[PDB]
Amino acid sequence: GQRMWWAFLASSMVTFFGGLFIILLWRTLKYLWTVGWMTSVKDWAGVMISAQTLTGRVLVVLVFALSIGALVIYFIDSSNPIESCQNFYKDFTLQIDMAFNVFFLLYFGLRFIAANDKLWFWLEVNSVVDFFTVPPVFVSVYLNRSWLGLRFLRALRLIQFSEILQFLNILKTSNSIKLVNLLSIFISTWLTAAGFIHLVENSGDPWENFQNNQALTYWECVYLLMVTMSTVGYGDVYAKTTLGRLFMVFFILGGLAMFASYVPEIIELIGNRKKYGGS
Amino acid sequence: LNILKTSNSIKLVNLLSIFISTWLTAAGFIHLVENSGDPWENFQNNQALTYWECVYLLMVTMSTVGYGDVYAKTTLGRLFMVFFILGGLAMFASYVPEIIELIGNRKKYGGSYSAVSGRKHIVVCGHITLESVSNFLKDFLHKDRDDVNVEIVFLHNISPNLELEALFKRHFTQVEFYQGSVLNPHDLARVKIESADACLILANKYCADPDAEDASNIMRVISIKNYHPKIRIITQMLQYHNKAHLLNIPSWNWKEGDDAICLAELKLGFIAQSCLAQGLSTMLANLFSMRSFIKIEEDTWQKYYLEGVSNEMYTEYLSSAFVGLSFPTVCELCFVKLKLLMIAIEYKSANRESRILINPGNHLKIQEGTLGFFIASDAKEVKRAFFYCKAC
Ligand SMILES: CC(C)CCC[C@@H](C)[C@H]1CC[C@H]2[C@@H]3CC=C4C[C@@H](OC(=O)CCC(=O)O)CC[C@]4(C)[C@H]3CC[C@]12C
Ligand SMILES: Oc1ccc(-c2onc(C(F)(F)F)c2-c2ccc(Cl)cc2)c(O)c1
Ligand SMILES: Oc1ccc(-c2onc(C(F)(F)F)c2-c2ccc(Cl)cc2)c(O)c1
Ligand SMILES: Oc1ccc(-c2onc(C(F)(F)F)c2-c2ccc(Cl)cc2)c(O)c1
Ligand SMILES: Oc1ccc(-c2onc(C(F)(F)F)c2-c2ccc(Cl)cc2)c(O)c1
Ligand SMILES: [Ca+2]
Ligand SMILES: [Mg+2]
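Chains as they are written, first to last, in the authors' numbering: chain A, 18 to 51, 91 to 335; chain B, 224 to 615.
Among the hints, erroneous ones may be present.
[Stated by the list, open to error] Capping the alpha-carbon separation at 27 angstroms, the derived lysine-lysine pairs in BS3-like fashion look like this: (1) A/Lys-47 - B/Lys-366; (2) B/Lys-331 - A/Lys-228; (3) A/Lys-228 - B/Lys-330; (4) B/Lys-343 - B/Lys-366; (5) B/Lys-428 - B/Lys-448.
Hints in this document: simulated from the structure, not taken from any laboratory.
Let the hints inform the model, and build the full structure from the sequences given.
Following this line, the structure appears as structure tokens:
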């Protein structure tokens with residue numbers, strides 16, 4: 018049929034923007050026009105969230121695994137065409153994503169219960185990830201026609217690793233925490249930038265009726281981003297469409313500092329080897 | 224317009240303005256020179272560009288990236304690039320990190336606490352560091368104690384470092400933090416002292432000059448009292464000589480809901496009271512650390528010692544059935560029918576002054592509603608004191 022790219026983004030936009038509304042209204046819906093069992097539920101969710109008992113421990117480990125699992129599914133989905141159809145009652149993939157997302161929905165709900173202040177929790181880095189990743193799979197199962205767009209965000213989840221390690225009582229030292237946090241930030245930024253370069257370029261910028269496509273597979277974009285960040289430069293791959301160039305300009309504007317700063321520190325923390333240890 | 228009063232904001236605005244200005248202007252010059260030709264070739268080597276490509280090329284060049292896509296081709300353009308490099312590189316590499324640093328210096332632990340009905344929250348303030356927090360929290364939340372239902376709230380004016388973040392996160396359901404001070408009567412409004420129950424004060428034991436430490440603690444007590452008179456306070460002190468000043472502040476009530484714990488006094492007191500009999504110091508000092516019973520099988524002294532280490536001291540009201548009896552008799556009854564020991568009785572006079580007696584003799588009999596100290600392994604066992612009739 019005709020292109021249906023517009024519908025998927027919209028379903029998502031509705032949840033995040035719509036949510037801010039209801040939250041603002043409820044705070045402003047008072048008449049003045051300015091132990092409770094609810095609190096027991098709050099405490100139960102809170103203890104379940106982090107390492108407080110066996111059940112919570114397995115939940116955290118399972119999240120740690122399924123995040124990587126979804127990231128793996130994303131790579132397999134890369135080489136497919138931009139927008140086509142996959143019947144839901146026949147295949148095995150697009151079900152593993154379904155099971156992963158139904159799980160992430162409950163893990164998001166539990167977090168939303170056990171938060172002291174709703175508003176700033178709602179606009180938190182980990183949150184918009186789920187907001188922009190959970191709708192499209194359901195909408196796809198509704199329409200039987202999926203779309204690649206805005207699935208690269210599914211790589212951001214790695215930011216959580218530090219936290220979902222500390223509860224497990226595994227990292228209690230300054231150096232280890234510093235190193236893990238830095239590596240997490242770095243890998244996440246790199247992969248997500250690669251993802252964004254892939255969706256805009258493979259598809260045509262809409263200004264000219266989608267006729268400016270330049271072919272590129274996800275690995276190629278990884279290379280373009282690494283060459284640019286380190287200032288090495290090369291002429292092998294240069295993004296051609298307008299949107300790509302604009303994003304490249306802004307990315308270089310801020311983030312080149314990230315590669316000029318983090319890498320020396322990561323190199324310094326590793327390699328502090330005590331050469332004359334032993335017995 | 225009286226819109227930028229502070230310091231950092233001026234720096235940030237000035238930098239961003241100069242940067243955007245020079246960037247756009249360089250783009251403009253490249254566009255003008257390149258779209259036009261050159262005089263001494265009679266205008267015959269023009270390269271078709273639009274402003275967008277030019278600004279793209281400048282931002283490619285300044286940040287040392289480089290690319291083989293677009294490059295100025297006429298003499299004037301190349302000369303301009305040759306000169307402009309010398310300034311632009313230093314400009315970019317000395318401005319971008321500054322702008323990144325100035326923005327984003329955001330206090331992560333702002334905000335305020337909230338009050339929840341049906342529970343109780345306390346506050347602490349003072350020498351907050353890894354050792355002290357670990358010890359205090361370990362003793363506070365230990366499982367052997369009676370079922371605990373409280374929350375813990377910290378204050379401090381130094382952002383806690385990474386190592387302590389581990390502890391403050393690991394008890395995600397029982398510990399909360401708020402940066403601020405204690406001398407600023409706005410901060411002490413954030414923590415909601417006006418509905419609290421107490422405010423302990425950790426004091427630095429291993430200080431260099433003792434006097435400054437206790438002076439600061441004194442002023443902390445002064446301020447907390449200033450915000451509210453009816454508060455409870457429990458603090459530390461370092462020499463008996465300065466302890467007295469705290470007696471003076473107007474609302475301390477030693478008779479009701481207040482106290483103070485020194486160190487020097489208790490230190491020398493333990494030593495002296497042990498001078499009459501060896502080891503009494505250890506026997507006392509082990510009664511006030513929460514510990515659990517252990518298994519040891521080797522026939523050393525360690526097993527027989529840990530046998531009694533994990534004992535503790537608790538309090539509970541008596542039973543009505545024991546009023547009309549004899550203190551020796553009730554002691555023997557407690558031990559034989561309970562496997563439980565008691566030391567002293569709380570207070571007996573029908574007067575408005577409260578006095579504490581230890582090991583009463585045989586001229587006293589129990590009145591209705593009397594509290595009594597006990598020593599045993601766990602609080603639940605101590606509670607068996609509620610009633611004993613029809614039990615065998
Ligand atoms: C540098 C560190 C952070 C690791 C970087 C990882 C990437 C360099 C690798 C890891 C996983 C790889 C992917 C794993 C599997 C596939 C499927 C593979 O085959 C198919 O898509 C099957 C159909 C076809 O052949 O077109 C194509 C490459 C791709 C996306 C790979 C592209 C390169 C990836 C992203
Ligand atoms: O395969 C594709 C990819 C992007 C678009 C596309 O088209 N127009 C827009 C825009 F931005 F103008 F709204 C976008 C767009 C841009 C950025 C994001 Cl993050 C998501 C979508 C499309 O149509 C088909
Ligand atoms: O569209 C154009 C633009 C510039 C010239 C042009 O031609 N000759 C000269 C020069 F510099 F030699 F005097 C210049 C020139 C160069 C730099 C500046 Cl800032 C201003 C003018 C022209 O002829 C036509
Ligand atoms: O023919 C054109 C039209 C718009 C721009 C253009 O220029 N700047 C921006 C931006 F985004 F920075 F504001 C944009 C822009 C980007 C996306 C959309 Cl959807 C609409 C406009 C351009 O460069 C050339
Ligand atoms: O055929 C030629 C002639 C002059 C130069 C030339 O070389 N250097 C300069 C400079 F920059 F020092 F002035 C110039 C120059 C610049 C502007 C004007 Cl208007 C005239 C000459 C050249 O490179 C090649
Ligand atoms: Ca015990
Ligand atoms: Mg809480």
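Which constraints among the numbered hints does this structure fail? Numbers only, ascending. 1
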